[PDB]
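Only one chain is given next, in structure tokens, and it is the form solved without the ligand.
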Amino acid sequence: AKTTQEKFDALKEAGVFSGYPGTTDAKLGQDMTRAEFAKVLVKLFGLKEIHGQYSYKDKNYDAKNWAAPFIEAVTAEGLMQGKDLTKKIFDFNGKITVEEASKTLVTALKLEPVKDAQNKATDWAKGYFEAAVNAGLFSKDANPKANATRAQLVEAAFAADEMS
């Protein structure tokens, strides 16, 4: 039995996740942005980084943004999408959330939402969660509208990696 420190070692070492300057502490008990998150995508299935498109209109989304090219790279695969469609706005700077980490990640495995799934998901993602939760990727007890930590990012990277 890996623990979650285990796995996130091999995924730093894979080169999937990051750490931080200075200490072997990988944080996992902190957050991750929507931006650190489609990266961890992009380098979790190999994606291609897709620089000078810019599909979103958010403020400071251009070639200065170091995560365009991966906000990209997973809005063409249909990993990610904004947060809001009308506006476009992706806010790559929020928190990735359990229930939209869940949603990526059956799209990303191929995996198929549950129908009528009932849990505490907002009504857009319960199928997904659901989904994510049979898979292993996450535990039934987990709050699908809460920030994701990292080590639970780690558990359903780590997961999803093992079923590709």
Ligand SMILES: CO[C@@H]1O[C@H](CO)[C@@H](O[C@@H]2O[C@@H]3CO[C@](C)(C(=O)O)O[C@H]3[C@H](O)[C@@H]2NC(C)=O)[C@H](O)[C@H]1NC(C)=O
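In this text, rigid core is short for the largest set of C-alphas that superpose within 1.5 Å between two forms. Numbering follows the first chain given and starts at 1. Compared with the form deposited with the ligand bound:
- Once the rigid core is used as the reference frame, the Cα position of residue 25 differs between the two forms by 2 Å or more.
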Given for the second form:
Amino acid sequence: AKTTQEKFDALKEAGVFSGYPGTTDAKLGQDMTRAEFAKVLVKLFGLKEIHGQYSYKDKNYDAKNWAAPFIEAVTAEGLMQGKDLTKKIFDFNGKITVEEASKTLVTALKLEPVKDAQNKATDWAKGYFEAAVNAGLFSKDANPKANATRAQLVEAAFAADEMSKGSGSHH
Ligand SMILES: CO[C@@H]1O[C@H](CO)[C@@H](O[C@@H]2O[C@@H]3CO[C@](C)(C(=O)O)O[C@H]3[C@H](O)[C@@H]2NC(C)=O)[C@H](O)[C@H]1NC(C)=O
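We have the form solved without the ligand; now please give the form deposited with the ligand bound.
Starting with the chain above, the whole complex follows.
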């Protein structure tokens, strides 16, 4: 097998993962912003960046925000829609949670969310989290409501990449 560090090294070499901001380091114990995770999804699934389009009203969500082209791409793809469809808030500085990451990866991999799942996930996420656990993207002992650690996101991204390659529909 590969260690989490080796999985990070591989994904970094592939341009999918970056160091914890301010570093080139795995920092496997640290959290990740939804902005950073949008970029991970774009690189992981080979999505096209969308420049000069703004679908959200978050403060400092504009042409000067490095994350906008990635956030627009995952929005167009239907992987993410943000946290509030009235105020159009993505919460790009918010930390990506296990169940949020579960939704994005389940959606990207075309996996069926589990109906009437019984788990500790937020109501909207129960089916997404259940499908992610069933597919081996996260452990059943992961807290769906917790901020995902970079270790959990590296393991999930690596597993998602292996599933995509093995399905014969890799980008
Ligand atoms: C009342 O609490 C709010 O409940 C919302 C809907 O039930 C919840 O919305 C979810 O947000 C998640 C954020 O991450 C992703 C991966 C995304 O698409 O960006 O998934 C989103 C869910 O689909 C859901 N969003 C909506 C608009 O219903 C808010 O996060 C949550 N807001 C906050 C501030 O925590």
